[PDB]
Amino acid sequence: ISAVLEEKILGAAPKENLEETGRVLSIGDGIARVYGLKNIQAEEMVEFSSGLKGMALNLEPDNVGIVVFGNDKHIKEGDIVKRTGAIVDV
Amino acid sequence: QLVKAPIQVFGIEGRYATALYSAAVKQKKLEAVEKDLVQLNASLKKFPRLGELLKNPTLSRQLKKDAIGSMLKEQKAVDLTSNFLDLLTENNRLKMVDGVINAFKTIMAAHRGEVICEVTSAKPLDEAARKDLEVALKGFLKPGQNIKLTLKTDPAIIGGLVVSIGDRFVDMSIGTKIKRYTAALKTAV
Numbered sequence: 001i002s003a004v005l006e007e008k009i010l011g012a013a014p015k016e017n018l019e020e021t022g023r024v025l026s027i028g029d030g031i032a033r034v035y036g037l038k039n040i041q042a043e044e045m046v047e048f049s050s051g052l053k054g055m056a057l058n059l060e061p062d063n064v065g066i067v068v069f070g071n072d073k074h075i076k077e078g079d080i081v082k083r084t085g086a087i088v089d090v
Numbered sequence: 001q002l003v004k005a006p007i008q009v010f011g012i013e014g015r016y017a018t019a020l021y022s023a024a025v026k027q028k029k030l031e032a033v034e035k036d037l038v039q040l041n042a043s044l045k046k047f048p049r050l051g052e053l054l055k056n057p058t059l060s061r062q063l064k065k066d067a068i069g070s071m072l073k074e075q076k077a078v079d080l081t082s083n084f085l086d087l088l089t090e091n092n093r094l095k096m097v098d099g100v101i102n103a104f105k106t107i108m109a110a111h112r113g114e115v116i117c118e119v120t121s122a123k124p125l126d127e128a129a130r131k132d133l134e135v136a137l138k139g140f141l142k143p144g145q146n147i148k149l150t151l152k153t154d155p156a157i158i159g160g161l162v163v164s165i166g167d168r169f170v171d172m173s174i175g176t177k178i179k180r181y182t183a184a185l186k187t188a189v
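From first to last, the protein sequence lines are chains A and B.
If you use the working numbering, the first sequence closes out at 90, no skipped numbers anywhere.
If you use the working numbering, the second sequence closes out at 189, no skipped numbers anywhere.
Just so you know, the hints here were simulated from the structure itself, not pulled from any lab data.
Heads up, a few of these hints could be off.
Stated by the list, open to error - Here are the simulated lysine-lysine pairs, DSBU-like style, with alpha carbons at most 30 Å apart: (1) A/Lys82 with A/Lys38; (2) B/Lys55 with A/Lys38; (3) A/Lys8 with B/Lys65; (4) A/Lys8 with B/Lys73.
Stated by the list, open to error - Partner residues aside, some chain A positions facing chain B, computed with beta carbon under 8 Å: (5) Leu5; (6) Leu10; (7) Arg23; (8) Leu25; (9) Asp29; (10) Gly30; (11) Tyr35; (12) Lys38; (13) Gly78.
Quick reminder that beta carbons are idealized off the backbone N, C-alpha and C, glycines included.
With the sequences and hints as input, model every part of the structure.
Next up, the structure:
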């Protein structure tokens with residue numbers, strides 16, 4: 001009864017892995033604030049849904065501040081941001 | 001016009017709690033809205049997935065009010081708490097649903113006149129200690145008062161008794177008493 005109610009509530013919301021992924025909260029002037037990426041590192045590369053790269057420069061308690069490696073017109077609020085898993089290398 | 005709260009609670013979360021208290025006391029649902037809020041807070045603590053879902057700013061408020069409504073029908077909340085949580089999700093204020101509940105608990109504790117007492121002792125004790133401590137704490141009570149006693153253990157105070165009240169505090173413990181005596185030794189001459 002109680003656990004079935006929990007499954008009914010969580011079934012409506014989409015399932016997301018917030019440790020490795022995240023959703024954009026606000027995007028503007030080349031800065032993306034994303035909710036999620038719980039296990040992300042500082043200075044770590046990320047990948048946006050449009051294929052743009054980014055770097056996590058601020059790891060705030062609520063969000064992650066990401067500097068966008070391109071034009072921010074390809075990024076909208078609610079887009080999936082994934083973890084590359086490593087710092088930037090050339 | 002709002003009914004004055006028994007104690008002042010500050011912040012935006014305290015503003016919502018005083019608004020809910022005033023609405024519940026204008027009607028006759030003070031005890032009802034306290035019961036389901038405590039049961040809601042216990043439900044959120046027992047199921048952290050619900051707390052993460054409500055505090056998620058990505059999810060739309062329609063999904064939040066549906067999840068709130070689905071979990072509040074089992075609480076048998078009728079009119080005030082349903083509108084209270086609908087107001088919290090109408091604004092972006094359900095991120096501190098624990099804050100308003102804790103503030104509302106603080107208002108209702110002073111509604112019953114309960115005063116929080118915190119007594120710290122080096123070692124736990126009962127029987128002779130607990131009997132006299134209850135009477136000693138009851139001597140501070142004005143008529144129409146209740147005692148919420150919380151006992152703590154800490155070996156850093158050597159011994160003695162560190163008893164606190166809602167705003168008053170004394171440090172009649174061995175560790176602090178020998179500390180000021182040694183300070184008097186060093187500052188003697």
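Cross-check of the supplied hints:
Using a Cα cut-off of 30 Å, the hinted pair A/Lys82 and A/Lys38 holds, with the two alpha carbons roughly 11 Å apart. Proposed proximity of B/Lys55 and A/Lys38 is supported: the alpha carbons are some 15 Å apart, at most 30 Å. About 14 Å separates the Cα atoms of A/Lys8 and B/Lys65, which keeps this hinted pair within 30 Å; it holds. Taking the CA atoms of A/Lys8 and B/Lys73, the gap is about 13 Å. The hint holds against a cut of 30 Å.
At about 7 Å, the closest approach between the beta carbon of A/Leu5 and any beta carbon in chain B falls short of 8 Å, and the interface hint on this residue holds. With a least beta-carbon distance of about 6 Å to chain B, the hint placing A/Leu10 at the interface is held under the 8 Å criterion. Satisfaction of the interface hint for A/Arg23 is found here, the shortest Cβ-Cβ separation to chain B being roughly 4 Å, below the 8 Å cut-off. At a threshold of 8 Å, the smallest CB-CB gap from A/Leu25 to chain B is about 6 Å, leaving the interface hint in force.
With a least beta-carbon distance of about 20 Å to chain B, the hint placing A/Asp29 at the interface is violated under the 8 Å criterion. With a cut of 8 Å, the hint placing A/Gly30 at the interface with chain B is violated, because the nearest CB-to-CB distance is about 21 Å. Below 8 Å, beta-carbon pairs count as interface contacts, and A/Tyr35 has one with chain B at about 5 Å; its hint therefore holds. Interface hint at A/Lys38: violated, since its Cβ lies 11 Å from the closest Cβ of chain B, which is beyond the 8 Å cut-off.
For A/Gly78, the suggested interface contact is upheld, since its CB lies about 6 Å from the closest CB of chain B, less than 8 Å.
Figure legend: structure checked against the earlier numbered hints; hints not met, in rising order: 9, 10 and 12.
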